Amino acid sequence: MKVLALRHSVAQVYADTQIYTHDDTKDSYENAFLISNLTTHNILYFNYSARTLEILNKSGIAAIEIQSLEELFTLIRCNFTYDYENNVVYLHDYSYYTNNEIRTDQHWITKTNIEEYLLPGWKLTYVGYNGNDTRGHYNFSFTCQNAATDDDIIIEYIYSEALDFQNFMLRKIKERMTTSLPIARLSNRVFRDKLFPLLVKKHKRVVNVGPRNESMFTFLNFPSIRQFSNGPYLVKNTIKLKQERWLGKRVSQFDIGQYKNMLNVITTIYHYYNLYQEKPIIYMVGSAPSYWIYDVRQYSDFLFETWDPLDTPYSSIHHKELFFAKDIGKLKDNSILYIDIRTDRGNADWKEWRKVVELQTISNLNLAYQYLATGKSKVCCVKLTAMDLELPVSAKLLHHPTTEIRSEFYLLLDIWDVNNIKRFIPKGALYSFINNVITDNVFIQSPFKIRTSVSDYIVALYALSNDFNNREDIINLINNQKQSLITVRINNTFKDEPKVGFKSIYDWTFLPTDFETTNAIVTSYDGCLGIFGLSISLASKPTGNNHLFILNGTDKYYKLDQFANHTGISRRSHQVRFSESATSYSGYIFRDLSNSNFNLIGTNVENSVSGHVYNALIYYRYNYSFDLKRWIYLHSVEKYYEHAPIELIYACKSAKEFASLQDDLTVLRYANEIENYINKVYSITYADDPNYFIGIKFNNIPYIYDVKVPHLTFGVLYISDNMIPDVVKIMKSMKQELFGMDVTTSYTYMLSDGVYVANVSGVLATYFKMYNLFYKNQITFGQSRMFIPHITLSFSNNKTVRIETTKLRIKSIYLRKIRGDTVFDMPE
Amino acid sequence: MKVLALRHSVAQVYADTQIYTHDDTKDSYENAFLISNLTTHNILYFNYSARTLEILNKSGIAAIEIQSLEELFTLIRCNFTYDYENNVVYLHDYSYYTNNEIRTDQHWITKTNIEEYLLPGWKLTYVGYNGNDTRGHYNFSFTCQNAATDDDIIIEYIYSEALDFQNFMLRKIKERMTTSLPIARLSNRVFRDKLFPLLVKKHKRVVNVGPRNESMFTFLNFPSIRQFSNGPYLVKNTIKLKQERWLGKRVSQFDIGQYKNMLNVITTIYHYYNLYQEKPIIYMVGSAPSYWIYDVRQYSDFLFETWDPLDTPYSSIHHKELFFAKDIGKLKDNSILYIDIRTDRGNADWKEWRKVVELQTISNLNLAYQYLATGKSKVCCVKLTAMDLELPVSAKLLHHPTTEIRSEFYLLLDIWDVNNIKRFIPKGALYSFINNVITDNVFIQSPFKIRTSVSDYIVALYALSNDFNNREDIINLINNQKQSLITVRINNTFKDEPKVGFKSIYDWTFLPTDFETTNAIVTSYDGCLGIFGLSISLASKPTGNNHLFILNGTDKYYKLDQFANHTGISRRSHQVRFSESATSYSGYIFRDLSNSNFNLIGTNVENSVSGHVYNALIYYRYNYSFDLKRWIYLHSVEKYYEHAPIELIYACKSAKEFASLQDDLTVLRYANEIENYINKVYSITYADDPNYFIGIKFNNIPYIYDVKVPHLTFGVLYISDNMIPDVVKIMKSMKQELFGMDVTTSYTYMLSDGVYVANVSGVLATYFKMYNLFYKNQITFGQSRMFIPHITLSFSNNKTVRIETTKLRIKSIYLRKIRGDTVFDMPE
Amino acid sequence: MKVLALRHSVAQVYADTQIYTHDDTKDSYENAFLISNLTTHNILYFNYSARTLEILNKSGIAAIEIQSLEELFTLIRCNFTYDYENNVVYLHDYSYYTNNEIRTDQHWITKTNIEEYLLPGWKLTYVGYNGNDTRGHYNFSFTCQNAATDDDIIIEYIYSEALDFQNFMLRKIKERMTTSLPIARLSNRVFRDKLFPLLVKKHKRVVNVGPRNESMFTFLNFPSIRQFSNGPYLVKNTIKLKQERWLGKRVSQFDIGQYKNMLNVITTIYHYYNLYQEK
Ligand SMILES: Nc1nc2c(ncn2[C@@H]2O[C@H](COP(=O)(O)O)[C@@H](O)[C@H]2O)c(=O)[nH]1
Ligand SMILES: Nc1nc2c(ncn2[C@@H]2O[C@H](COP(=O)(O)O)[C@@H](O)[C@H]2O)c(=O)[nH]1
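Which chain is which? The protein sequence lines are B, A and D, in order. Positions 1 to 639, 647 to 835 (the authors' numbering) are the ones given, in order, by the first sequence. Positions 1 to 639, 647 to 835 (the authors' numbering) are the ones given, in order, by the second sequence. So for the third sequence, the authors' numbering puts the first residue at 1; every next one is plus one.
Derived by calculation from the structure, the hints in this document are not laboratory data. A hint or two may mislead.
Claimed, not checked - Here are the simulated DSBU-like pairs of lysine-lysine, each with C-alpha atoms no more than 35 Å apart in a straight line:
| hint | chain 1 | residue 1 | chain 2 | residue 2 |
| --- | --- | --- | --- | --- |
| 1 | A | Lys172 | D | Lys204 |
| 2 | D | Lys172 | B | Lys495 |
| 3 | B | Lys376 | B | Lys320 |
| 4 | A | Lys174 | B | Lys541 |
| 5 | B | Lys174 | A | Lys499 |
Turn these sequences into a full structure, and let the hints steer you where they fit.
Next up, the structure:
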């Protein structure tokens, strides 16, 4: 939506493409509301106050100050993510292709030969995390940087099994200049970066579920988190594999040895974090060039100590040019040891040189056992060729990709992988692992058992919703659990399909109303950006991979008009009402017809009902950022605004009817889901065949009438005959809000056959309040019909006569017994 | 789109929902273009000239003057159709439901009992054609009236076989306040009203194909038109029907006798128009109340002469209260006779009263034959019960609906239906016609044989495209034919589906490129509104029942920038470029990558190619109002603007690539459809391995270089050695447009391996003209590659160096022989 | 699958359309197994023992004895349901249309004017439950009767809001001679008839869920069952309804007063059974 707030005396409207203008000083949050229901994508907000920007930025709507026009305004056009507490703009613009470069955020790729393999004239540069080395280009009122990088192209290529690179990047560079910017994907690395370091301090613990190599680096300075994912591959499960022979396969023009050397270490550490919430010393041998070190130090600071003949530019201590051979007792315990002692064949005979590779492998294991023989908290990660070896069963294999597959895989070990566990593995049982099994993830820790906990702050962002997880176990994990941040997918389709996918995998799909939480928000992506200190410039789409977010047990459940609020509620309706092929009164006509006020749709300008909810139900696909359920519970019990209980049912009933004609079975369910939850948090009682009624007499009715005493039957009630004395309290306590309300009549109509009446206006708000004061005093009041206030005139069938809006005022009020000869109260 | 032009000194921007503002005086044509590529639906145009409104209104964009704010501006919000030559606004607002009425445009329904059968409190009123009796409510700078009526509800109900009316209207009134305004359907009755009376005078003849009861009244003052439709039902085809017995069926609460009495006459007339191109006297008997007369006189003026005992309010001469019995020679020939001599049973015994009904029927036929025995040009339409009768084979039966089916059907006769043609029909062969066959259409004239004609101005608006018509015959009717106005459906879907429908019937679907017309427009609905004097406020949707319109042989083929012009061309692109999830340079990057200028996408701000067409190809679903084909043929031969031939191929080639990734096989076809039509109206030749070239030398190159003589190879050509003397004309005739063009260089790049070059800018427009000048002199010039102008510097591989934009100027120009030692021309 | 067991010395293979033959004495249940994995729909089983037929009939495979060829074999071609303990064949053949009749199992429709409203020449007759008045036509080694009736056409027409009957039946009679015999639907009324009376005497208390007017008559001699279904419409829920006026609507050429007079009583009873397990 991208609100751009411009200087009062310096501000221009030009022939732009998606620009509305807004300017007012009515009330701060009412202004932000009126903005947030505006249609277009780019809005100029000419005279402003900081609090109107606060509310929007809190609502996930990116709203920012603009002080100048030449570059501060033209470059903040493009889409972005805004941290509204440190005033940093994370742009997501792929217009940097124009000066003919790609850009990464990993230093190691710069030292490859890759620029030989890019298209002619292109380069890569500006290597910083989130583009934090971009900010040197711009000089604004705010800090700014373009976090768009092409990590996708390079990393997918490695996992792509394709060999021509120019063909590859030319394909993908054309995909972005064709298809939609995936913002929900780029804003997450921003979100993840600030999401954990505050969460860890606030709760003192955290568990994450399903981390992928999106987060290879997020957690390197967080030992005290415990991540769970797909389990590892074990030596225990090589016995499955069919035998196979050397397969010389090349899948990368440019050498990516530094990438696996980075991953195998990183895997080794998250393992060490899994066992001992700790963080180690990191010894190394055989790995000099190590341009992947500087990538690591941008996140967490580790002590790297290396033994290699060649240059290690990035380390604390490069101890020797000798490679660590048997001086092994000189190591500290709190450690990991990464062994990559190797060789390179020259032109020597492969059949005889193979003998050398076998002997190193025997040695490299002897180093591993002697390491793990003495001290506790020691983790190894050792180099192996594919030959017959005696390996521990419970150990974990790794084959992160490389330049080319030529018979080697790495093994990592723990202290208990030595304690009397050993198996013999044949040769071709390893090649069968090498050649077909690519390791996918450095996070090889055990799966998350789906059950509630009370010490755990559980995060689960894109791990659950998979079809293979028990639906009810995740539901109960969400309902019967405090302390979390869970994400699940919304049922964004019609005909209520419970499982939705890509023709590869299906995922479980939810509505908001699957969950009877106790104190929790259930909002969208943009809403939770606001909760955690962020705001985004692009709105969510009605279809696509939208996801419910669920915050349990948080400080912000009571702060309703701040976070996950009624912002954005009517944005799509206004499009339908005025523009997209309908009359402006379409919603004002339908809901009265569907609630049996179909004779009268004149007074549907004002005094209609079913405001917030009817929009929340039929356009949930757009505005599920508004947690409807949280809105209702906090008005059951006053913890601004107030509507009657009755109005919410009519909002539900009309959405059913609407979804019936449309045949949108998902709204139709969602309407059923709500209305019996409305009848849950509070009951509703109906004096269907009442005994008493509240009546209002007037001085003079400016119409023709044959009924001997015209009156307004203001409401009916069914009570016991000694709760009159506490009904009259309310007759008394609001006597002037009835004498003081603008009763007006302007016309006659036909309420029904043989019942010719007037219309009364301007009274309902008092009628809705009265309903609530009788309510909490446990007094029945009102019928299941819609109370349309009317003054009876005659039992005939006549013509609607219009007069000027003539004010009527109250003779008296009275509480009358139906078919009785006496009353007991009448204010005056 | 609804352009609203506001007063200069009286004009307000407020917190509205779909408002851009535009204001400029750069150009009249160029301003309307910039408007027409604006996104939103409602545009305020603050300072204006009449010609900018003319162009838009001519482009189908409704653009109107606004002089005041209170009601002239607030009520012109809603959608409408505008006749920009008489300044009449036809609104299409269904907000008249609020004062609780429906509205018709047929006087006869007001005299029914229907208001007993409407929902309680509702009425019907304001009965005028197109709402021409609405204009008394509004006092504006323009004439105005709300042509929205509820004829749908009433007429469908009659053809609906449902009996409860309150249930019916409540259903349909809720359909409109739910679903999209069918603006295209509503604007046609406006279109049809002014479409024919001018067309008839201009060509002196006209044939229409597939008229429905949308047009019961359009043609009543047009004898000289010859309509064709589904043939009639004949007595000849009762021999099929199984025997059946009396079926007492009631399908209308309210009496609709006046409706069939209206239809049977109207059928009788269009028949008489079919036989003789003249228009009759219209005698009647048995039909007094005849409140349907006033409906007829609002369109065409006929002489009605009636014989009935009861009151005929609306007629010329109600001759007698006796009903026309045997004084039959006293009738004029040029006539139709409508017989409805009948009775009404009281409480008499149905078994004996039936004998009376039989005798009238014998009499009513004797009247019919005695009528058609004497004079020529006489038609009848007679009342019959279902009994065994001796009927002419070739006669035509009618059972337009009624209140209730109780055994009667009407028969119409022509002069040749008496000349020795008679058959015996059994009783139940008529009930089987009555009870199951509802007549659908008063237009019972023979079908249109699908073949070309040269005297015929053929209209065909929504009759063709049906799956049962031979596709090629309608194609050839469109291609091999002048003098017409044909409509066909567009292939608005993807994966190139040739036939599309509603799961009831399928219809043939076209692209614009199915047709090699000679002088014809192929545009949208809104474009042809402009051509005929109309403009509409709502844009067409990318999917839905869009239809190509085809105007053959019209005066407006050469007037390109007026009608069916490049208006609206980039509206959807601007949405994609800036807002809907992409960088603004996305289109500027893709088309260079897809045309092998992928090394360089820096100079894609300006000097890119493929402007109009690439947008016409991938977003044809939005902007098929622009006839791409007409645009190209009129630039092949100059009959403002000019682009080279080369640019159009690259526009086509890139749309293919675009549609390949997307897998939109319809653009992919449409690209193939165009490019070989580009190679049709004009050839393109390529000096792929040339002999000569045009070279340009400069004073000094502000770069490093190792080539001994840096030069711009401005273009290459393959010619004979004695067409040098007419090549040199062109260099001489444009020597200063080369000396006078802003040659500039700003950087170096890699054109290819071992070719390090500079970039030249600002020259291409002269290069494109030069290609055109050589072209028509039949000289080869240019290669199939894209000519990216470059100055060679060195045969190495180096780094892009940026400098300030430094102007370079021309030493000389020269025409050089490739690997030769001499030249023969050099300007200076 | 329709196993037809033929006499040893009297048995013929002819040029038939879906016939395998099987004959062996290996082992009783191994033989039935080998049969039950045979492809075709009609199987001749030439020399047999009763226990091989028992197993199949217990397996849901209809397997029956055939003693003669002229009519006991040619008419047991068509599809059927077999009660293998009382040896009754419930045929499901709609070939009775050929002698130009429909057939019901409710006596009241015969006293209407409906034969004025059938297609010319047709009639209705043979009104018995499950066609239990059909068995007078056939003289077989087993009891037999054609339980195919056209209750669908008549009852749907009443619930159809359509008024022309000849048009109606001609439509539906053509649906059956077009589409597949719904056997899983016709065999249930057989199933329901014997399913409950034995359950009742075996289990002291029973309850049924979602009965429809398939079973208007199944339960009339079972008070001690407690059926549950969609709740009633109450006077309590008229307050919803919009006001409306007399609507004269005719949806049945022939008078069906006897049908509602039957239903209103029957409703009244199952109610009385619901309150007081009584009759
Ligand atoms: N009673 C009530 N009315 C509201 C509330 N919010 C908006 N409205 C009404 O709904 C209108 C919405 O205007 P719109 O967004 O359709 O232009 C407001 O102008 C106001 O009349 C609310 O919270 N409570
Ligand atoms: N050569 C040429 N360029 C055009 C033509 N029409 C528009 N353009 C270019 O395309 C641009 C379109 O701007 P946009 O509508 O994308 O903001 C114009 O500003 C102009 O540079 C045309 O007819 N010929």
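Structure-based check of all given hints:
no. : hint                : in the structure
1   : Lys172/A / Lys204/D : violated, 55 Å
2   : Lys172/D / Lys495/B : holds, 31 Å
3   : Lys376/B / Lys320/B : holds, 26 Å
4   : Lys174/A / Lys541/B : holds, 28 Å
5   : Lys174/B / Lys499/A : holds, 33 Å
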